[PDB]
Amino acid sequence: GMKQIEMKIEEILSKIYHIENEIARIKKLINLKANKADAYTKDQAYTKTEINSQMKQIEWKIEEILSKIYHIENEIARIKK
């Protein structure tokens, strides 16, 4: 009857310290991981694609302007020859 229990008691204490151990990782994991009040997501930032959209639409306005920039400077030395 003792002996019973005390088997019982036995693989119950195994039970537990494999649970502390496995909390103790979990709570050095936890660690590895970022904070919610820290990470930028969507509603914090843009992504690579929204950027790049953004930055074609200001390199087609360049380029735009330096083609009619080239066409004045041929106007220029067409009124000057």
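Other form of same protein, the form deposited in another entry, not the form deposited in one PDB entry:
No partner chains or extra molecules come along with it, only the chain itself.
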């Protein structure tokens, strides 16, 4: 009767010890996660793809400008002769 209670107490202690270990483990796993305060969210940042597309847009305008410059240099050389 009393020994049956002792066996159940031992059982409980074991389950508690397991729980304490799961908690110690969880605390360490938490330490490996990035804090909201030190990381930008998706709404605050562009992806590589998005940046790539914006850079192409600029490169295009620059190509347009260079081709206009080259055409103007040719016109000037014709006027000169």
